[PDB]
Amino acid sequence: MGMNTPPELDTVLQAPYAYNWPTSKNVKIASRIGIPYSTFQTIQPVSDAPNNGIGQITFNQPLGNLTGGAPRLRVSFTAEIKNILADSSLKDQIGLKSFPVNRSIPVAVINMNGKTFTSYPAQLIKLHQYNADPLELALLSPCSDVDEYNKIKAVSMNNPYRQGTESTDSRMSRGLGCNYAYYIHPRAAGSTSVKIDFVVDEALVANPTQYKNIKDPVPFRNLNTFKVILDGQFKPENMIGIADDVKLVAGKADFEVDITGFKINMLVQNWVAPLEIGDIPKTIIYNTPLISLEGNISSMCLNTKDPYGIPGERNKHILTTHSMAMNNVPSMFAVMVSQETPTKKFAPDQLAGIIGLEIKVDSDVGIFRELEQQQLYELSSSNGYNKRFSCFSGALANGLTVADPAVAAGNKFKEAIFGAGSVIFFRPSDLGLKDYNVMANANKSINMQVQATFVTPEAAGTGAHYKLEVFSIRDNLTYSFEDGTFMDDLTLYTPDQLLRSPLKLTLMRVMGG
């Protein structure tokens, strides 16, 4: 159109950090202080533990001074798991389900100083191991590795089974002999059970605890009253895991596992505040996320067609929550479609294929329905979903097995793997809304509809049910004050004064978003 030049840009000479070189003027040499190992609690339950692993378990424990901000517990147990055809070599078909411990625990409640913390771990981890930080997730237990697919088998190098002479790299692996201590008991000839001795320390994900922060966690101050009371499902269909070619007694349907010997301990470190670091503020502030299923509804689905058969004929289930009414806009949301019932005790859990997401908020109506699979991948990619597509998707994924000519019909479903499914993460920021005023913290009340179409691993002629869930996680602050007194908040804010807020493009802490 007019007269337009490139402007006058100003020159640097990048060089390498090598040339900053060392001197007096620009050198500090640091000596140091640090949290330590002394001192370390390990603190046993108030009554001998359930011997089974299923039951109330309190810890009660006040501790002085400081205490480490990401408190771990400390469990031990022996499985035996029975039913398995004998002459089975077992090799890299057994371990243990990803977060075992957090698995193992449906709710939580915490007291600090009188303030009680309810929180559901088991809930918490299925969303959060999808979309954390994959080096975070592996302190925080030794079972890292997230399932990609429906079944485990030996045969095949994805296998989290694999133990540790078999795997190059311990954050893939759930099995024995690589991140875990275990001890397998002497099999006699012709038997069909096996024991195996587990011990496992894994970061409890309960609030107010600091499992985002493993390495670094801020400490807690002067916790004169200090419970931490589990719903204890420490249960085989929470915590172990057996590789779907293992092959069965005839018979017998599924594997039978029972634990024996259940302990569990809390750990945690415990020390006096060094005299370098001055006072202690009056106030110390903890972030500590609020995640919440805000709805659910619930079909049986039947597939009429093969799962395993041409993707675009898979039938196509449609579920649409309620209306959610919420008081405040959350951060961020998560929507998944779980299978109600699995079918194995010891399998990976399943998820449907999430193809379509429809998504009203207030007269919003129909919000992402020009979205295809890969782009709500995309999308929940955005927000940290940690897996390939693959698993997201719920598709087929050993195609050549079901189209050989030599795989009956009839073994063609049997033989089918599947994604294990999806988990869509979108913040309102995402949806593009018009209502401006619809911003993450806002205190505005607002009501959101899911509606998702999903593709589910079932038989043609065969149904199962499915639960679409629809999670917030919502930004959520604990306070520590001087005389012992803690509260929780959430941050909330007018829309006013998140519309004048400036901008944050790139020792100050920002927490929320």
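Here, rigid core means the biggest group of C-alpha atoms that superpose within 1.5 Å across both forms. Residue numbers count along the first chain shown, from 1. Compared with the form deposited in another entry:
- Among the candidates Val402, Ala273, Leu379, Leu267, the CA atom that moves 2 angstroms or more between the two forms after core superposition belongs to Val402 alone.
- Core-superposed comparison between the two forms: the C-alpha position of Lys414 differs by no less than 2 Å.
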Given for the second form:
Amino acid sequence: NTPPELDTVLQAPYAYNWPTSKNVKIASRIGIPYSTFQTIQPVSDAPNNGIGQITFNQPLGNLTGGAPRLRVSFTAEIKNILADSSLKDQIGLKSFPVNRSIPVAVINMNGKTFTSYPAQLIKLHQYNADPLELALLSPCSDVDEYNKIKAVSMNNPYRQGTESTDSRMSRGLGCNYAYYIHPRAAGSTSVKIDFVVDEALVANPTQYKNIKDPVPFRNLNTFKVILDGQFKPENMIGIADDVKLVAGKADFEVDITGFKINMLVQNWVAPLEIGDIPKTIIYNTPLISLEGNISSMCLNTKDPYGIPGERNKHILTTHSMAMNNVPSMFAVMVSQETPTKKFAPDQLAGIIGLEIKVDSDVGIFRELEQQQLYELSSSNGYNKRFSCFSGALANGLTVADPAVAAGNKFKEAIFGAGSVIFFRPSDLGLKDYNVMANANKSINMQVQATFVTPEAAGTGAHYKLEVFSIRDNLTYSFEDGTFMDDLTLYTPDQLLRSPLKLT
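Swap state to the form deposited in another entry from the form deposited in one PDB entry:
Shown below: the chain alone.
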């Protein structure tokens, strides 16, 4: 054994790459112009409280922008606030309030209907996309790091523009969206705020993934967008957990009035310089499905802010989930089924253990702890920090302070928002090597999740384990106007014998 001889290179500064006539070219350009926007009104007046069917119907010739946007405006009256409350850095909007408010949507392009679930799509997509991409989808793209929001918390999403570390990554007032607070008289227990939110529609086949430079659709003889509107306070309005209530009242009462909506699209003629448009254009339009869910009452006997190891280890196991093909990715989360407080963060559980079964291969990931589960999710796109993901006590010293009495320790305690575990079939390390992403092969999956919840000792709430699948799914636009979509399925042998790409 002797070391092999290696070739050498002489590196030098890029400064010495002299610009000359041999390597410098002058660019002119064409672009998608900004003179091409159109406002599309809905077929009927939108419901005044934001609850009802909403339809846009507008044939569009030539090219239409791939990421159309919805512009909602409304007034929100918040009641049962303690008198003379400043409300500084305490009121704002929830993350992706437009898409949160649309449980189901149907898009018609030239007779082809696409049915999808925006609220469900954006609930997953907010946790595994680039934050700068997400800031182009919505002005309220920041996702809650912690299960309670307090005014003084450093990344409090309801911090105003001047009080935010990064105003783009806040959902407060004076940040990314237009607003107006109605005049507040001395001794008033309510506030009225007008909002305007301009947000991209997350629904098949829109190009919300490629929001930076979306590929346009062409020659839409029929173009209908049908929305199941649920623009209700619970989906849109955010109130910090340290805002005080009037004596007697349990929660805040919020009413949406003056609700209006329109769709904003770009429409323009293709330039001659790009040449002939191809006969068949392909669009990346992934399919998210809830593969299985199961719920249970979770009662905490021991303090969630106490010893981590003594926190109640709740277990939920799904039924056997039958799948006719193998998805590219899965997503696991344990969420509160019925929210206790309507205007607080979504209460997810901190997943401490994960057992997965695929066919007869059992007990996968049972060995793994939180740190390894965080790495797993992070390697598949998870976009938040461990402090959030873990669901652990985030302010231990604040709670352990002797100045805080035993009765006030839960109130001061703030936990990480909770876990979302993204995993691929290739992460499982299955004996059955035919179980590959995009394989046309039937499988049965079962997922057990061990988790801890942020509820106080002697209290509880219902938590649902949800397992989602993210499938590769393409939409094809044919020259004659026809649209089709289908999964990109192949045999195991085709996929295993495909050429290697080390990336």
